[PDB]
Every structure is written in C-alpha cells, then in structure tokens.
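Can you keep this structure in mind? I'll have questions shortly.
One protein chain omitted, others in place.
In this document, chain identifiers A and B correspond to the written order of the chains, with residue numbering beginning at 1 in each.
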Amino acid sequence: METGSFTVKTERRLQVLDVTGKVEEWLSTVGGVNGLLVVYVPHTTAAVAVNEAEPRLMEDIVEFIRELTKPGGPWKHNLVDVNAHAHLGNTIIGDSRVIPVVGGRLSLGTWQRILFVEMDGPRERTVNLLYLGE
Amino acid sequence: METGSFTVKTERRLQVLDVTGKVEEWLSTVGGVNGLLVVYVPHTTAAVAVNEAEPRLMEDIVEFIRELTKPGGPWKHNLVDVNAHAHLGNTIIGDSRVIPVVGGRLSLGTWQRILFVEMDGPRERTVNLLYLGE
Partner (left out) sequence: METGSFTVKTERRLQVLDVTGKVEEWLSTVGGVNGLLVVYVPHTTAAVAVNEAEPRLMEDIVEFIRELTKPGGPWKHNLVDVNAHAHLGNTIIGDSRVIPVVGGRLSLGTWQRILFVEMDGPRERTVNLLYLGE
C-alpha cells in the first residue's frame, strides 16, 4: 500500500473546501489501477464528506451544520473549550471515506467531490491518504 | 477484486428502499469467502445506510430526514436547483459502506439491512459494488 498526506489551510470558523484536486494528484503520483483509496482526517473538529462543490450549496452546508451543532450553544464541553459544535458535526458527518479506484478511475460520481469540512477554523489542517491495491 | 452494479428505481421524492437482496446476489455471483464489500452510490442527492427494514421505521427515517434537511427550505442552493435538502441528507448519512465478508458470510447483524435512501426521486438510481479479497 501507498501512503500520503497534504495540508489544508482553512480561513473561517466553518468552511467547506473542495480538495478533490489534491487527492487525485497524490493518486496519480501513485498510479493505482484497481484498489481502494481511503481519505481521512486525524481531526476531531473537522470532517470529510462527498458531495457537490457548488458554491451556494457549500454555504448551505455550513449553515445546516451551524443549525444542528449550535456553535457557542449550551454544551457542557464549554467549560473546557469553545468548539463543542465542531466535535458534534464531526460525529455525524464522519472523518474518513473509502473510494474505489477501478481501471485507474477514481470511482466518484459525475457530481461528487471530496469536501473538507472545517468547523473550528482558521487552522492549518491535514488530510491523510492511503492506497491499497494494484 | 470484483466489480459490479445494479439500478434502483425510486418512486417518491423521499424514500427508503431495502436493497440487501441485490447486493447478496452479486456477491454470490462472485463467491467471495474472506474480504470486504464496498457498497456505494455515485449520487450526491441519495445515500446508503444500514439499519432495520421495518416498514414503519422506514417511514420514520424519511420524516426524520425531512425535519433536518427541510425540502424547499431557505437554502441558497434554491437559486440553482430545488434539491438542497437531499445534498444535506447525503452529507450526514453517507454514500458508501464497508461490509466484511467472512467465511462466505456477509457480516451484517441479525437486523441490519442495506438501505438505499432516495431524497430526490423519482429517479433511476445506481448502486455500485466492489469486492476485495479471496
């Protein structure tokens, strides 16, 4: 298997970023033909999702997250830190995605993209990558 | 590895369908004994989950989704299209699931089933399948 990573500099507290490009980069630096790619982040207050990188939708995702997780809301973790909402967002969005690579083609749908979801920015974040296959 | 897919015709805007049968089908057409199966959909407005295929629960799942994602709600993606809620549902449900295959047995729990979650139907949808192992 092959293994790699790249950084993602986020600019806002909540922000969705399309990192598909960097993933494919690494992936071609590996030249995998048939196998699985695992995209994952080692952060508990950031997540990764797969969906459409349409600007307005990306705004909606942040607002959707803000609504459900309540940044600054009545969370007991507030006694300890101020990012409770980010941890909560991470738990129902997820921190890793498995993506098949078939015949050299990263198996994403026509409108699917790899989105880094920052919930405690601005920070210099990391995305780790693992390729398992031929 | 082996690779396959099947279509799923959805009938309603929001609908949960049990597609366990078709997955096992393909899986036996492959005869995998020990390995991993990846069930994933290339759609950004549909998802896949694993849970109980009880009729009333399946209704509840749609209502749960409707409540959190607000179809037709105040989403900026509305300027572009009318399925913002579906994209949102997809992000916290997920578009792929990894399921171990051990000793020829698809490793699902007694009450676990593979559910296709349509949020922008009626459409002719696709489920892709990947088997990696011996």
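Just so we're on the same page, a residue touches a chain if its C-beta (ideal position, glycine included) is under 8 Å from a C-beta of that chain, and two chains touch if they have at least 3 such contacts.
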Contacting the left-out chain in the complete assembly, out of A:10, A:51 or A:90: A:90
Given B:23, B:61 or B:86, the one touching the chain that is not displayed: B:61
Absent chain, residues of subunit A that touch it: 1, 3, 38, 40-44, 68-69, 75-77, 79-80, 84, 87-88, 90-92, 94-96, 98, 128, 130, 132
Residues from subunit B at the interface with the omitted partner, ascending: 34-36, 49-52, 54, 56-57, 59-61, 63-64, 68, 92-94, 97-100, 102, 107-112, 133
